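A lone chain, given as structure tokens: the form deposited in one PDB entry.
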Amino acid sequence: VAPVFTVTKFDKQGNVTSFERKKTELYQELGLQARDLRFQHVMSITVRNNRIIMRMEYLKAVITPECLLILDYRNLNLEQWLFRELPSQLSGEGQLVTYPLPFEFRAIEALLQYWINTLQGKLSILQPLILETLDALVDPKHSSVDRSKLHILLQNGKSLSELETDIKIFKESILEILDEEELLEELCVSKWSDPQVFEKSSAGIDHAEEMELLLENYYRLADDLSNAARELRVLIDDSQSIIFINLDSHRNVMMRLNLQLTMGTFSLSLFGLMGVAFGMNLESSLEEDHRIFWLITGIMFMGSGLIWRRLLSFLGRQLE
């Protein structure tokens, strides 16, 4: 009946243990209040009672000087990352560069690396799709654009805006932590767990400096991602403007050709009316004449041609 957390616990030795714990039991074990683990804010990093609470959207983590906890990890495709890369990164030959540093450094590096890799993967999925859709859409030899490609571009633009917002909030959180030295000092949970021990254990290694360098690295990576996303948005806008110009130019060409054909039709209809005037079954004084028929036909055709040419010249003058 009581709410519970599905907890994946990684020790300092990289051992992984999955279980479920009551919320009050977790609060008692971690020495934290209920309000600390509400996880109400997406992309939030805080330090409460010497414990690091982190949320990156669906990823909720609690870092202790002794262990790491992942909360609500089910039905999120996190199993591969949790049980394949994390043990190796924390307690193996992974790509982490904070192994000699205390456990919290490795934990923060792993979490930030996973989030930055997720953002990079989203961008690397979105970029080729948007690029090829724009290339198809801005093709100058198409009179009209493909509307299914327009729907695809709209969906990809929505996804790109969401990704850009995620990168922005990640950058904001990292920069807020980096700006204040107090937060950087608080992030060093192992240092403050036993200050007397770490007063001599830290043989010239500044934990705050290492944390600052790690956060600066991840902030720079997120800044590069944000720059790429903004460039993609700008390219999308420019491509949309080019598409508008192409459509307007095609419309103008078709309208000019239709206007020329309308001039031809109007001259043809005028001299056709002139001919039909002689086609009505009313007696005239020109039935007996032999050359009048050919004269009328010739002047009719020649006048149609001349009026069409004059109208074309008038159009050329009007369009300048």
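Positions refer to the first chain, counted from 1. By rigid core we mean the largest C-alpha set that fits within 1.5 Å across both forms. Compared with the form deposited in another entry:
Taking the rigid core as fixed, one finds a CA shift for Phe278 of 2 Å or more between the two forms.
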The other form holds:
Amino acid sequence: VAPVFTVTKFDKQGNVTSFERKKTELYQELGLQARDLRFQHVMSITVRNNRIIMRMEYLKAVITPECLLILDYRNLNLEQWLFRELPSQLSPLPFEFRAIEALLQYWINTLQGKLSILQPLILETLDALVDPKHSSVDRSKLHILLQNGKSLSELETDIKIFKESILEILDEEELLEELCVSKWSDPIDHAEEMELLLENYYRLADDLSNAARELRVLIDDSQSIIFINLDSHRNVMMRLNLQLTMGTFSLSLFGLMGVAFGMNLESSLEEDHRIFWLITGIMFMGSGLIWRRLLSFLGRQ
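Based on the form deposited in one PDB entry presented above, generate the structure block for the form deposited in another entry.
Coming up is the bare chain, nothing alongside it.
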């Protein structure tokens, strides 16, 4: 079966149609070739034979001075935007400006929604983890944070790609003049409007990137604080265990003294009880004295 594109076409007035067209017929209808409608890059903006070709992560659009086309829209939840919002936006400037503005606004809104969803989850997770009232932390939250950080890195990469793609065009005036496809097809400055649009969208992308960077540095700082808190708790626990070990060692020393003195033989002291009381008191007090001296030795350190 020959390959076919699932195309949806928008007119200047906002009329909407949808069908499936073979690639060869689509090439013949336009002045393009299969070399162009390949979509080998994640993000791309290009001009060929007075036809604009734009592609995003999952969006593919072709702009013509009299119509717009979107390709491969199936199973992408684009129906609400396609059949409810885009016609309203497209309904004195040429069609190209409106189409470009609509597509860029859609992409920017998608990125903004992604960031707004990501931010509160990470903030809440970090606030919960940083709680210094617990000597341990959960791990499902750690896994969630790892996944959200991976998503944040992907979002940052996408934003950087968007910024680079826009900047590559904003630098050269040749591409800016090329985008004025209507002027060339059928010969107030278009260049100023295009520059304003691109600058606005680039600034928005820059703001999003700055926010993402702030979030990442916050994550790193939270990780460091968590490490410090865990280390402090470890040190406190070891101090307590050490002190108890000191007391136990002294107590066991005196207990050995007592039991060894309690040999199951003849010592010639079995006829005196005052001696037994004296040795009992001796062990009981000496344990405390040695314990206090050893605590002082620990303290001097």
